[PDB]
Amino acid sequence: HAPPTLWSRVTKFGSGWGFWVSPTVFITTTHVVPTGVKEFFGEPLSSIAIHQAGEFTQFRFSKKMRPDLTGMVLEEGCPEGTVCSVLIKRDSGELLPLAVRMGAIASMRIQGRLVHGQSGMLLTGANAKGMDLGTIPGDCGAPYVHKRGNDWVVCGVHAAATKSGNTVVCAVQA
């Protein structure tokens, strides 16, 4: 039930996607960040505070980059059992929320990189028939969000998946 303003925060970035938490804060998965660049979104590196670890990257810009947005809450993962929506966007702009039942926050090594993440299982009963790991786009960086009361919170960014157990991992901030 995510509103259009929430989806307007999901942005193509590098080899994947990221998400505007607020006018000044953008989050993504580290491995999709472009290298050898002198700017992100036109802003020089000298003007961006970067905080990243365990495949979670946060950029805090020195000016309002998306002044259209309200600041929302970024949490360091979510409680076990939370049903999150992964806000997957297609290149066409089509919106594909993917429901996931979240498990435990843990450190993991994935493809030789330390990941500070939260695992989850796709919630088949809350996704369109046939919309699963074998059919979604394979991009990273999409945000994991859930509702706290009536308000949406963001708690991670898509980092990994495996068909074994229909399992996904989001990286989480520390």
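Only the largest set of C-alpha atoms that superpose within 1.5 Å between the two forms is called the rigid core. Only residues modelled in both forms are compared. Positions refer to the first chain, counted from 1. First, how it differs from the form deposited in another entry.
- The residue among 48, 140, 136, 69 whose Cα moves by 2 angstroms or more between these two forms, once the core is superposed, is 136.
- For residue 125, a C-alpha deviation of 2 angstroms or more is recorded between these two forms after rigid-core alignment.
- Look at the core-aligned forms between these two forms and you find runs of 3 or more residues with C-alpha shifts of 2 angstroms or more at 92-94, 105-111, 113-116, 124-139, 163-165.
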The other form holds:
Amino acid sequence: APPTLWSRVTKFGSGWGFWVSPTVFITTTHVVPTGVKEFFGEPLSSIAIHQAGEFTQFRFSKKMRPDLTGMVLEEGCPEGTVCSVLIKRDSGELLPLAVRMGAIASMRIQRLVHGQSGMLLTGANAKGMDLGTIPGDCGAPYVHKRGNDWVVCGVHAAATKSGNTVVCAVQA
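Now show me the form deposited in another entry; what you just gave was the form deposited in one PDB entry.
What follows is just the one chain, with no partners and no other molecules.
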């Protein structure tokens, strides 16, 4: 994946989020800080905030990342297609994990979670930090190409104990 795409992945709350455009930022609800009066130094009164299940979208009045073009945010990931989860680690690694996307699901982990499931294509068992997702990774974007353009369709929310199955929050 290209440098500008990775530069959209931003540390946020207890996880990450993704700049879809100069003004739109998406993340996973449970990583969002609570009881705060600003995000990225902007007061709440200059941010349109919409949280729907585990999907959170912010729209800033100020142009926060004018270096960026606006990309398409899909309402979910195309079922059956291969996406990439653009994982950044706080130790500096970039780990784009290939994932084949499945159906909208609800499942009990450890608690019920609701989003789009997928299967990592990284190994036989994607347990641990080298082949799969770990605590701290939530909010990472699920992306794929459409024609010559990249699009984003979800943000990382969960993974099963074995680690092979992942769940992204989606807008719809």
